[PDB]
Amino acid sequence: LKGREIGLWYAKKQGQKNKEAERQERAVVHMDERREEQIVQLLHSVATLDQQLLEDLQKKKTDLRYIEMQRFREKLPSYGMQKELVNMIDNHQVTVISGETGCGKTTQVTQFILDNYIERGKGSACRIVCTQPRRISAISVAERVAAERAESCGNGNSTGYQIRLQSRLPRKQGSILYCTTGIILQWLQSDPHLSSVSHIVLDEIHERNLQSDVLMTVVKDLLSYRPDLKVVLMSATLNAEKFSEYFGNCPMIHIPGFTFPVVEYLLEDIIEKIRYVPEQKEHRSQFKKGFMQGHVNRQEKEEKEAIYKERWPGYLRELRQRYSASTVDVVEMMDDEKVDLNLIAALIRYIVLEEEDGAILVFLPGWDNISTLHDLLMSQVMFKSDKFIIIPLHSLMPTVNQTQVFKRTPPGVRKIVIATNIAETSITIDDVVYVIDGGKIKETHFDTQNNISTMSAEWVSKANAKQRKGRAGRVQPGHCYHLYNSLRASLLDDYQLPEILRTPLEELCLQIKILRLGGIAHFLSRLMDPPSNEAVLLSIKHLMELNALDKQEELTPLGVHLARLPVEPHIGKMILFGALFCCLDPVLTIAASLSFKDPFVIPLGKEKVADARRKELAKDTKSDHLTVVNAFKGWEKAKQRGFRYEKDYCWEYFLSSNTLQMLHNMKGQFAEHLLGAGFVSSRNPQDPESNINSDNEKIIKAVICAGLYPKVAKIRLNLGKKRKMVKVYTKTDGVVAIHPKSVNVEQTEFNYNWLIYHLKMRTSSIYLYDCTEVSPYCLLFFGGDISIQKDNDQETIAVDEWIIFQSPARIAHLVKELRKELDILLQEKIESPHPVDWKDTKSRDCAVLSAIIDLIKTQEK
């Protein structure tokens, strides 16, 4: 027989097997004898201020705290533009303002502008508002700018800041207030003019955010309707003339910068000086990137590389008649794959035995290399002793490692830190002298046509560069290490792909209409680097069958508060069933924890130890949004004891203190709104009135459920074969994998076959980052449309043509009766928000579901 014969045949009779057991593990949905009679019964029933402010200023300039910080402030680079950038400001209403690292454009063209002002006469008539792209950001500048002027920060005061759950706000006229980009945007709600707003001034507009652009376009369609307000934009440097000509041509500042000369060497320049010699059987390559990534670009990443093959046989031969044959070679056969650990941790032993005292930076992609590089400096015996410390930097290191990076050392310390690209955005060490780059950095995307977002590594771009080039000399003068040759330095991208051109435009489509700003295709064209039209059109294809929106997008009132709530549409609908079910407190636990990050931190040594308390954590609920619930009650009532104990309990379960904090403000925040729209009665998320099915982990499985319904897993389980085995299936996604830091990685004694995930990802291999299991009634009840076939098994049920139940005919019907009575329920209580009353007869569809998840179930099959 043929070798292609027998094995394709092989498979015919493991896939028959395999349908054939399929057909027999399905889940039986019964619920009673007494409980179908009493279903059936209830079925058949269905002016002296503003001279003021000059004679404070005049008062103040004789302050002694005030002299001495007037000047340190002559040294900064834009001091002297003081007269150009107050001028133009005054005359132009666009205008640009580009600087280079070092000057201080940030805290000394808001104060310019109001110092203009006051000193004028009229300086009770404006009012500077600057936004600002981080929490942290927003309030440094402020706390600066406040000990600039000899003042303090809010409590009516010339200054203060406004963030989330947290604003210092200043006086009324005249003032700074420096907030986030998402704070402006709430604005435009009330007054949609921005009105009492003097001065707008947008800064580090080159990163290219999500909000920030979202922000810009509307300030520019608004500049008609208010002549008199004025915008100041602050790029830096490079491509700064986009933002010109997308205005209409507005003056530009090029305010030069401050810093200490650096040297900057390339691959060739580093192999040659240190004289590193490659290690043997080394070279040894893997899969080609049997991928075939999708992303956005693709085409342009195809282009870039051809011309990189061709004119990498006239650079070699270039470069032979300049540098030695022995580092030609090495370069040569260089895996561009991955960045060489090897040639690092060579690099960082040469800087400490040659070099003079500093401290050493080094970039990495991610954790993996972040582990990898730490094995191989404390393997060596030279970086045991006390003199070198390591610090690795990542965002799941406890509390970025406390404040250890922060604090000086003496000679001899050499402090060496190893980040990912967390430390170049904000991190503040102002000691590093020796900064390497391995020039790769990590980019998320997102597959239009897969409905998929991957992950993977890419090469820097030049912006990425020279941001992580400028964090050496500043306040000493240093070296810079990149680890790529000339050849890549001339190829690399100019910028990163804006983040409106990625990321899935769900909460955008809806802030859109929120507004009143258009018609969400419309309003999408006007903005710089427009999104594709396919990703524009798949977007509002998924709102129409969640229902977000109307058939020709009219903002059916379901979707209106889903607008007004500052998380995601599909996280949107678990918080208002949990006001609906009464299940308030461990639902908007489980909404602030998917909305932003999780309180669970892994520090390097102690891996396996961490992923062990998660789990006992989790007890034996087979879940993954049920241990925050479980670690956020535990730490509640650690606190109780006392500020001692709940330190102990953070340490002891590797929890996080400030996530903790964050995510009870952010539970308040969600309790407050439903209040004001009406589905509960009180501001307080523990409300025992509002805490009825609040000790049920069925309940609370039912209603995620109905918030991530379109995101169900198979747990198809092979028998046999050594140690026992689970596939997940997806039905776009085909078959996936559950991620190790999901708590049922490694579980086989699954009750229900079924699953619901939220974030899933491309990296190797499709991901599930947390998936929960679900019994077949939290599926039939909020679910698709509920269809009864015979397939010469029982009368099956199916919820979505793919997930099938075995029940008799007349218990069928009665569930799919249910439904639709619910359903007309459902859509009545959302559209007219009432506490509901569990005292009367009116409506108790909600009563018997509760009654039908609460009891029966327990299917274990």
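So that the term is clear: the rigid core is the largest set of C-alpha atoms that superpose within 1.5 Å between two forms. Positions refer to the first chain, counted from 1. What changes on going to the form deposited in another entry:
Of the candidates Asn718, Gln402, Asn87, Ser532, the Cα that moves 2 angstroms or more after core superposition between the two forms belongs to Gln402 alone. Taking the rigid core as fixed, one finds a CA shift for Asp840 of 2 Å or more between the two forms.
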The other form holds:
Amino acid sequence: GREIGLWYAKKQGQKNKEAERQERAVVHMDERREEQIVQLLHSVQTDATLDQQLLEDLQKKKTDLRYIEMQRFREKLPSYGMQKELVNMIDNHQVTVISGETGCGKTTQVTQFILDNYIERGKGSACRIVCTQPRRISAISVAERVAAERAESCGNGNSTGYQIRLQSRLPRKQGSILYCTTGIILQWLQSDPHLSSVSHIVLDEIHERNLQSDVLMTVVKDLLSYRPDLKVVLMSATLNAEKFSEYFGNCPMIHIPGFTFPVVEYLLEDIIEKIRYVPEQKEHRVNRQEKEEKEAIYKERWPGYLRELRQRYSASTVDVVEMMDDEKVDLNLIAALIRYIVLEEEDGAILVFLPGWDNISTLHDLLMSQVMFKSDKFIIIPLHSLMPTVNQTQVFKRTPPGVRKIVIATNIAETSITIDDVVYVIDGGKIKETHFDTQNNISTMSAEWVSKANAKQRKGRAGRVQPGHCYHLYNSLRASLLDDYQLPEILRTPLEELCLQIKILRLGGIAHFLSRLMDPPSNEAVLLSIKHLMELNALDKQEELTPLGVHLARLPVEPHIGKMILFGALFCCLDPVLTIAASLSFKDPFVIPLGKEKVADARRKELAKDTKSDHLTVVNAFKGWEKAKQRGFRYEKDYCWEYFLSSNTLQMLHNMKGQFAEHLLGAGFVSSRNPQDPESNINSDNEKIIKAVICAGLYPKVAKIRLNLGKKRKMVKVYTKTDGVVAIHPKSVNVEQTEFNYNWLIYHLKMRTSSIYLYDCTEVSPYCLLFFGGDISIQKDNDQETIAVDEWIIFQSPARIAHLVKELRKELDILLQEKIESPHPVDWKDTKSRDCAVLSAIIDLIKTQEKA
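And the form deposited in another entry, for comparison with the form deposited in one PDB entry?
Shown below: the chain alone.
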């Protein structure tokens, strides 16, 4: 049996081991370079008026026609009725929590209330309000809205403005309101730990528990003792908002009623009864913690619910409800519901919430496989971040009464995009969210049930301009068993960047600060992050910042990308390394449409050329886009269209590169703020040096390619040390690649969706891993001499060459430590650049190919 399997598995294993031992790469250098290396080693080794002005300005503006119209509009908001109570509550208490529903307008009214109250009281110069938003577009839009409501332009020294990354319309210093993302305040804390200039701090959308919001809340709570005059206003979504008050010592709470049109809720049984749905899928027919305790409850009440359901509904409805499955979204039911709505429901747009791209594509194909949806009376817009959302401006445009608009979207339409026309919302109760597994140090993505807050937000997405309907694709039991809120990001993401930020802000011990957070992370995650930072030489054995750790913490990227940036500056390949770092920190510039998917992969592979790297193809795309932009705006548009590239993402990457170069110039690694200065880009034309720098940055993420060849279409397998067998994601340019120069891949993103996937892999060379990898050991295996990196990356090499490489690495680490502790551009004149020069020479003109 299982033992019979062994009698052939043991034979199979030996073959794989022998094949791995056969093709093992040979590290060999010519006689001239060996003599040069030994010679080099031997040589080296031996005011009062401002208040009056503001008050008079307000009094004069009170007579403006535009201001009068804006006031008439503002009076309709529910917050206008509670203006006085809000002002008194904020004035009399240090910390207040404001709970409001959708449409209450608290975001654009509370700050105006405080500012106006201070201005009319004759102390307008003491008002400096900062309101933090979770999104850049949200902050920009709110700032423009507040500026419009005040009959003024945003920024330009006026009373309101915004500041986000690489963009700021700053208002006047005193008597102003600033709308910024949450990271801006954390950056301010680096130079101003007390926020002395800030008089009022307003934290928005605290119910969305992201990293920055929680960190800022903890920092403000700690800082309140040192700033008795600071006033904090927390604004939430009136569901589990008492917990925020509890965190701040039972601070006073105030509720602002919402203003929305009524929305009718339909559940799965109601939908099936109403549309008389009959499923044809019958013919065509590893856990966590509380999940498994909610499912126990679902299965104990299922028999009793089906019964209670049999009384309220017909037999067919109960049969369909019972036979429906979980872990999937019934797209046929969604299509039937859409057909029902477009046949005998009133006019209005339909918004469909789906968990992923594949479901959106399947629903789109299902919809236009029918005759009625292929006419000009229907417009179907898929919404997803990877689609050309910048091109998707047709979602906002209204439609004539004879044509209906159907929007199939992910949760991007929950917050980022507002259609303001939707009448019917079809909520598939599945949402894809990312969890971190600290046991295996692997990120996991799966489609989980939507939370109660998510369902409420989706329902409120309808009924903004007229009464609407919401269809939830889950029964009553599932609805009653939903989670109140999604797990906060403190419990789903790695904490290395957070640990570095904690250290750079002098907030105390990492564990001590993290334990004071709302729903603090587990001790295992903290220990893993601290150990990871220690192994990167970013923290000493006493949990303090190393000289490299300071530079990593001051860079707006996670530590591995920061190390890659520093090494690219050191080795004079600044431009491609900065482009790769910007792409890895924020998105790849590639967008795909709904239908033309394989064409996008073909164009990406055409861009990749023979680099066999998912990061050098981004460099090629950026270079081509820059050339097209130089040659013309129209040609830039054609290039972006033909190669399926996002112009906005490319511009943002360019700005991020400029910011990185500015920081590098400030620190002292480079002599200019231009990433394309020739003095810092002498090795930028050599792909081997760029790959070596990539390996130096994100080293420990290595993978081994085993070319078993044989007759299984000469297919390749990918292995990882900590994990087991992994696969290359189809989005990569190496998924179908079978002619690899070297059997080693370096990657950045690795996630487990259904199988462990590598989303961006770059082919790497033996010397890149030798000089920029783990510990080097020299030993003998059977009948050949080997040199190993981390005792699992083995290369063939004679003992003399291996000892030379080990000594060279021992010297290079010291050289890099001195170059990092005291940054300075490297002068390439035979003083101490000899080690770097010979390493560059070895990487450039030694490695040729494998032996397979």
